[PDB]
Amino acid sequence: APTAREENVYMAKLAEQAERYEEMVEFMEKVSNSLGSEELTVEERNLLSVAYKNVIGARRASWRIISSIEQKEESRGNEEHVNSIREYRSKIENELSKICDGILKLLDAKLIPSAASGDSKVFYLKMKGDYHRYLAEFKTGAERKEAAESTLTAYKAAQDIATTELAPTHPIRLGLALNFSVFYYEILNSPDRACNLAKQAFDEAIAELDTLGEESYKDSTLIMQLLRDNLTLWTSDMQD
């Protein structure tokens, strides 16, 4: 008979196919919390990441829409709408904090201690950076600073391992660079660093591609086009 873990994994892929991502998350948390000294497979770790990404992504999307509307009603001094719009935003922000807290607890309680290779360590520390970053996106003042510090520490830890243990064309290393650059740009408001880091990661990948190739070309290719897209956007906005 199938193991409970086999069963949960299959359910998670059913949830993915039905686009029921909150339930996907719960199936993959049952898997993660059932670990001993072993760690998740590449497939399992990616199911868990995809589930969380989707769950948080719907809220971030809603948050952005509500923030636009709020800024627009601010510009007209229309205060009773502003209050209701902020009531709504507060609700969304409470979900964002809960979601991030779920994966962040899971990361330091189960996933990061279990990581046994360079691939999985970087994968989980970048996830830790990502989730702290999503908190930073809507906080201010002291709470914001803390999220920013947490993000920077996680990304730095991930990058120390990535640059010494993964190839420059590795999708996870490239994904880390992309996000790290976005962190400097959107949270630290430092387009100078954002560009240098994105550019360096792009250039090292190109160099490796031009001399040694890379096994998984598809993934690297997409991420490096994302790095370029951000560089083009950020540097055209600078000269504006």
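Shifts are known only where both forms have a C-alpha. Residue numbers count along the first chain shown, from 1. Note that the rigid core is defined as the largest set of C-alphas that superpose within 1.5 Å between two forms. What changes on going to the form deposited in another entry:
- The comparison between the two forms, aligned on the rigid core, picks out a single residue among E26, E204, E44, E214 whose CA moves by 2 Å or more, and that residue is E214.
- Segments of at least three consecutive residues in which every Cα is displaced by 2 Å or more between the two forms, once the core is aligned, are found at 35-37, 210-215.
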Second form
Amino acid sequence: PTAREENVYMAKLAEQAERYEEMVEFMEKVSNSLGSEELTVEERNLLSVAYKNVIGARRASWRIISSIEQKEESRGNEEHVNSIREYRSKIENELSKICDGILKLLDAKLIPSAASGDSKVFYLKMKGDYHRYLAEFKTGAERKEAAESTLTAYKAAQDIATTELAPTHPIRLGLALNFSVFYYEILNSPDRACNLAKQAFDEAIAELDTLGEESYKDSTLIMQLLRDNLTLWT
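Next up, can you give the form deposited in another entry of this protein, since the form deposited in one PDB entry came first?
There are no partners or other molecules in what follows, just the one chain.
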């Protein structure tokens, strides 16, 4: 069987069972307990999924709790607000911890060992994403640093993608999607956002006839997501 293989099998089982904390642990075991090889395409994917699911449940809790705090602040109900805030801290504690897990692995192994430009772009996107989720709830200097750290990882990842990866490449298309959302949501810049999405979109469109059956599903899907953000924003 091998040590790296059934951990992978276990991570697939945990995915099916919708038990994402366990999924992460399995992919961790896989990840640092290799050496200096890269993660395989399927391992990369399973990692980013495992973390996205764990973090998203908390993102969703934080939004709903953060919205109730605000409505209870209008009503003048000051005690509810104290209780809610304290809960909100608990969820924020979890968020900082989760982000720290992935950001630690990315800086220590994953970014330093990516050899193909595909992979450099992949892990630099991930790093961008996790800082972006710190910038969603941190405030003041903590926010300012998360936002700065985000901009540079996306900037780096952009500078490589435009010059080495096809315009239709799903990982290139993914960077542009999140990068545009980062501007819209973090930096309150609708127009930078619109134009960055639109350009990425049109550039993919002009290369369409040469798009592999291998990347077809994912590319067409990220192309629709770029269109939907545009439509909602516009």
